[PDB]
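Throw the hints in and build the complete structure from the sequences for me.
Number of protein chains: 2
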Amino acid sequence: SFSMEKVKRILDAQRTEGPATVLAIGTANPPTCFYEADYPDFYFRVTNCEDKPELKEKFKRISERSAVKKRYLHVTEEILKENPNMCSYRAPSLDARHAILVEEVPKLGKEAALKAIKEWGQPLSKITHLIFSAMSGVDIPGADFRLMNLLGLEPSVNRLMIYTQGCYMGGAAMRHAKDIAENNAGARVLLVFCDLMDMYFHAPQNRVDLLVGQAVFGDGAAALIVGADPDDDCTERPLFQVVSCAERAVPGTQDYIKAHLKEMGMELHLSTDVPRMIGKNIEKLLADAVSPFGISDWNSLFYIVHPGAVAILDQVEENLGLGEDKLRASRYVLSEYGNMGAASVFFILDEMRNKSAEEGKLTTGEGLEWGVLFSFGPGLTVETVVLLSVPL
Amino acid sequence: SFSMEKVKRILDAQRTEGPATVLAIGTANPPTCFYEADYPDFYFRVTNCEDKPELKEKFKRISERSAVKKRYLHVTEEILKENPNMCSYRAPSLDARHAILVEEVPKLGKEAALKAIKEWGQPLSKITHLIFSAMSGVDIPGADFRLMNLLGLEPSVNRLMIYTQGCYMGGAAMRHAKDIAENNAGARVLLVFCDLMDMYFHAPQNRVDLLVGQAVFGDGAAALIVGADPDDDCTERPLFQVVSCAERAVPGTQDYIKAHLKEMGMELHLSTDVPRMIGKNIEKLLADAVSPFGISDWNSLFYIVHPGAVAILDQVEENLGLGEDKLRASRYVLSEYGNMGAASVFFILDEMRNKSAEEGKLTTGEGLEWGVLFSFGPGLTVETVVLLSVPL
Numbered sequence: 004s005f006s007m008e009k010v011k012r013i014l015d016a017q018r019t020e021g022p023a024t025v026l027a028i029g030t031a032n033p034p035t036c037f038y039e040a041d042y043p044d045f046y047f048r049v050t051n052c053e054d055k056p057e058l059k060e061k062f063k064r065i066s067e068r069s070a071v072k073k074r075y076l077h078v079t080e081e082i083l084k085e086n087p088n089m090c091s092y093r094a095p096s097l098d099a100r101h102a103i104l105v106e107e108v109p110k111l112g113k114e115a116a117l118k119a120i121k122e123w124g125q126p127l128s129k130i131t132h133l134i135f136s137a138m139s140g141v142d143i144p145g146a147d148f149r150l151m152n153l154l155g156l157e158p159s160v161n162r163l164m165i166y167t168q169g170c171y172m173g174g175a176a177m178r179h180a181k182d183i184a185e186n187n188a189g190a191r192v193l194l195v196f197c198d199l200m201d202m203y204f205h206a207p208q209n210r211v212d213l214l215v216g217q218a219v220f221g222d223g224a225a226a227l228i229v230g231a232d233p234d235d236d237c238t239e240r241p242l243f244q245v246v247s248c249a250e251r252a253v254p255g256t257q258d259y260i261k262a263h264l265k266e267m268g269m270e271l272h273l274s275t276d277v278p279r280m281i282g283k284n285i286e287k288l289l290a291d292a293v294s295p296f297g298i299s300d301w302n303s304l305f306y307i308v309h310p311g312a313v314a315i316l317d318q319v320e321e322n323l324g325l326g327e328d329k330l331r332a333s334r335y336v337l338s339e340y341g342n343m344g345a346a347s348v349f350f351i352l353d354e355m356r357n358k359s360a361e362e363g364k365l366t367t368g369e370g371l372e373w374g375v376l377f378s379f380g381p382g383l384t385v386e387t388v389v390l391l392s393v394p395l
Numbered sequence: 004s005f006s007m008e009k010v011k012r013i014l015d016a017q018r019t020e021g022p023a024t025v026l027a028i029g030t031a032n033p034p035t036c037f038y039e040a041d042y043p044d045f046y047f048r049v050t051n052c053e054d055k056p057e058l059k060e061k062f063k064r065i066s067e068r069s070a071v072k073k074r075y076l077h078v079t080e081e082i083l084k085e086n087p088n089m090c091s092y093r094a095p096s097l098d099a100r101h102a103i104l105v106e107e108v109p110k111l112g113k114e115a116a117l118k119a120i121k122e123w124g125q126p127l128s129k130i131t132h133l134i135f136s137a138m139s140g141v142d143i144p145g146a147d148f149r150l151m152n153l154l155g156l157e158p159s160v161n162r163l164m165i166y167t168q169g170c171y172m173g174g175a176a177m178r179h180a181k182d183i184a185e186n187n188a189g190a191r192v193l194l195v196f197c198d199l200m201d202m203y204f205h206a207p208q209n210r211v212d213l214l215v216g217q218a219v220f221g222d223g224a225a226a227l228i229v230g231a232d233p234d235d236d237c238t239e240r241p242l243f244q245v246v247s248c249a250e251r252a253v254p255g256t257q258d259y260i261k262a263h264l265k266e267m268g269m270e271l272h273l274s275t276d277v278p279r280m281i282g283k284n285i286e287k288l289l290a291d292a293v294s295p296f297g298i299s300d301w302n303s304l305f306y307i308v309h310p311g312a313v314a315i316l317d318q319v320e321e322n323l324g325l326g327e328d329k330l331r332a333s334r335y336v337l338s339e340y341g342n343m344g345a346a347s348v349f350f351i352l353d354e355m356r357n358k359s360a361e362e363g364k365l366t367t368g369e370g371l372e373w374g375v376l377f378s379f380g381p382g383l384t385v386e387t388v389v390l391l392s393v394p395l
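Same order as they appear, the protein sequences are chains A and B.
In PDB author numbering, each residue carries its 1-based index in the first sequence increased by 3.
In PDB author numbering, each residue carries its 1-based index in the second sequence increased by 3.
Worth flagging that the hints you see were computed from the coordinates, not collected in a lab.
All clues stand as given, with none of them false.
In silico EDC-like links for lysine to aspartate or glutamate, alpha-carbon gap of 20 Å or less: (1) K72(B) with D41(B); (2) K9(B) with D291(A); (3) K63(B) with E39(B); (4) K121(B) with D235(B); (5) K9(B) with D232(A); (6) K265(B) with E270(A); (7) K11(B) with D15(A); (8) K265(B) with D98(A); (9) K9(B) with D300(A); (10) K59(B) with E39(B); (11) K265(B) with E85(A); (12) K129(B) with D291(A); (13) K9(A) with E372(B); (14) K261(A) with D98(B); (15) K59(B) with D44(B); (16) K9(A) with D300(B); (17) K72(B) with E60(B); (18) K287(A) with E157(B); (19) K63(A) with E53(A); (20) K11(B) with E372(A); (21) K129(A) with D291(B); (22) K11(A) with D234(B); (23) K11(B) with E20(A); (24) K9(A) with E20(B); (25) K287(B) with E157(A); (26) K261(B) with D276(B).
Pasting the structure below:
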């Protein structure tokens with residue numbers, strides 16, 4: 004009865020008022036830029052597969068239809084010479100690949116995080132939580148721990164490390180940052196995604212899905228600061244507000260995306276029915292998300308759509324009845340960066356906020372007030388994040 | 004300015020009143036019981052190492068000093084015959100191991116979860132969140148996804164899957180469960196830990212840490228339901244309340260615990276200075292956690308201590324001045340089960356609620372009101388979770 008008064012003082016003390024908001028965004032990529040026109044030539048050469056010209060022409064057509072202009076890749080010609088088993092299909096190469104990633108993943112995360120923290124402008128000691136999402140680079144301690152030390156965070160930073168889960172993680176980790184920020188006054192969350200696709204590099208196979216991956220997977224890292232209740236007394240300024248987060252596993256699609264961690268690396272299996280399956284469901288998912296806020300004209304939203312493959316963007320555009328320019332920002336990131344896993348939606352959100360100011364729009368959301376963020380991954384998981392833009 | 008009013012109706016609707024509380028605990032273990040007396044004979048025979056009788060004596064002395072009576076292990080003699088590369092040191096065996104685990108991890112998680120759900124007594128459709136923590140079994144889709152389908156959870160259940168992180172996950176996943184439960188009215192979180200140590204089974208080496216791990220690591224899974232604001236109108240009934248969660252990386256201990264995922268499986272590195280380091284820091288961590296609640300007599304708390312090794316329990320007892328019976332429940336779980344990774348503290352918490360009832364105590368925390376839960380892992384991370392018991 005007095006111990007319960009202590010608990011209620013703790014609960015009262017932690018309450019927040021406003022919603023979780025994104026306070027800064029920073030991105031970073033490997034230094035090596037690979038242009039899509041040269042990649043079939045580079046890829047088949049460096050894998051000593053120039054004696055497979057029909058397969059090469061098949062890959063060229065997939066790359067040309069991919070709508071990817073360039074990618075920044077961590078895998079270089081030097082790296083493949085020093086670890087040739089990566090170019091020998093199913094040969095053991097997991098040790099070599101992991102040695103390469105274990106230090107580079109936190110290293111690239113740091114570069115993006117520094118940018119986010121710089122824009123944020125607050126001292127590192129104000130960061131209370133760190134969430135690290137990384138497709139590859141599994142290690143104990145994790146990249147969360149490494150980045151905490153590289154950045155000089157407080158040893159009391161609350162850490163969450165999510166390894167090897169898929170492209171739905173952009174929306175998923177965003178939900179957790181929201182729950183953290185809103186349940187804890189003063190909480191300031193550094194949310195970092197680093198997806199290096201080195202584990203998915205294999206010699207070309209006569210497999211459409213593996214070829215699409217080789218054409219589309221790109222590397223990058225994205226960092227955000229997420230918090231509730233911005234302090235006016237300092238230079239904290241919101242970019243977007245996270246209103247509601249939803250997740251759904253599509254029934255009957257277990258086998259559409261599978262990927263196995265093996266001695267040869269990451270073994271991918273991706274059904275070509277993924278975009279249609281996404282397109283068949285997207286409107287009902289959007290409708291469930293935004294009806295509670297009275298939105299029924301889909302073109303009244305601004306869009307951040309995970310660019311898993313260009314077919315995915317087209318399917319969304321088609322089955323939502325979107326104007327041709329609605330997915331401009333998503334197509335841009337797909338074009339300039341490829342599919343960077345979970346980081347992609349945050350490259351897009353970064354692009355949208357910058358393009359809006361550059362074009363003089365009245366909000367961070369292309370002049371609109373409400374928007375939605377979609378991530379897609381195994382199997383099949385769809386993330387639906389409702390956003391509010393901020394005025395300019 | 005009317006849309007900002009829409010956001011406030013959502014937030015107001017999602018507020019909770021009370022703290023996150025654990026509403027049920029369920030545990031499960033593999034079927035095969037290995038007695039610690041017999042393990043040195045079994046272990047060195049089945050690894051064809053009876054020709055190292057001095058190493059076997061070094062292993063036996065560690066086993067006898069271990070304070071482990073028995074363990075339930077998934078690794079059987081049959082499994083090792085079907086996968087002999089698990090017994091040849093550094094031979095490639097990661098593929099063989101992962102195939103064994105990817106279906107067993109969710110299966111044992113299901114066994115524990117069903118019990119927790121049984122005690123909980125609500126319909127599965129009420130579970131809004133699933134958090135799965137597993138040391139081993141990295142797969143896409145994850146064990147969370149498999150478990151959702153094994154149990155028949157709603158496809159809209161919000162999932163979080165954490166692979167390969169260490170024994171601090173007990174307290175860490177508990178923090179995230181607290182944030183979800185408190186930030187989302189109606190939320191009921193299914194929290195599942197399954198750590199199968201098959202990835203750490205190797206031929207005996209003349210390495211103290213690997214031998215101790217071979218003596219102490221056991222297999223098991225523990226499941227919890229966590230929610231804020233228990234319903235009186237139904238059979239929901241709280242066991243403990245989660246008051247505050249803190250996490251700390253001990254400065255200068257990066258290398259004390261390391262583990263690398265390689266082609267041979269999990270390659271562990273564990274310094275013997277761990278218990279001393281833990282003992283050296285435990286009081287300052289405990290004091291920071293419970294001083295805000297006016298607590299300065301450490302024997303006024305009940306204890307759940309991660310049983311990483313008996314040396315750790317002894318160090319915690321010594322450096323806090325605990326009475327000889329304070330750590331009864333923790334040493335019990337170590338005795339009867341070994342070190343089951345992150346699931347352990349929940350076996351202990353389960354043991355404590357049951358022993359307290361069996362002894363007719365007036366609360367679930369051995370008659371005391373306030374208590375603390377400790378998890379330790381890489382590198383070095385310590386979780387301090389302050390608990391409130393419930394009357395009986």
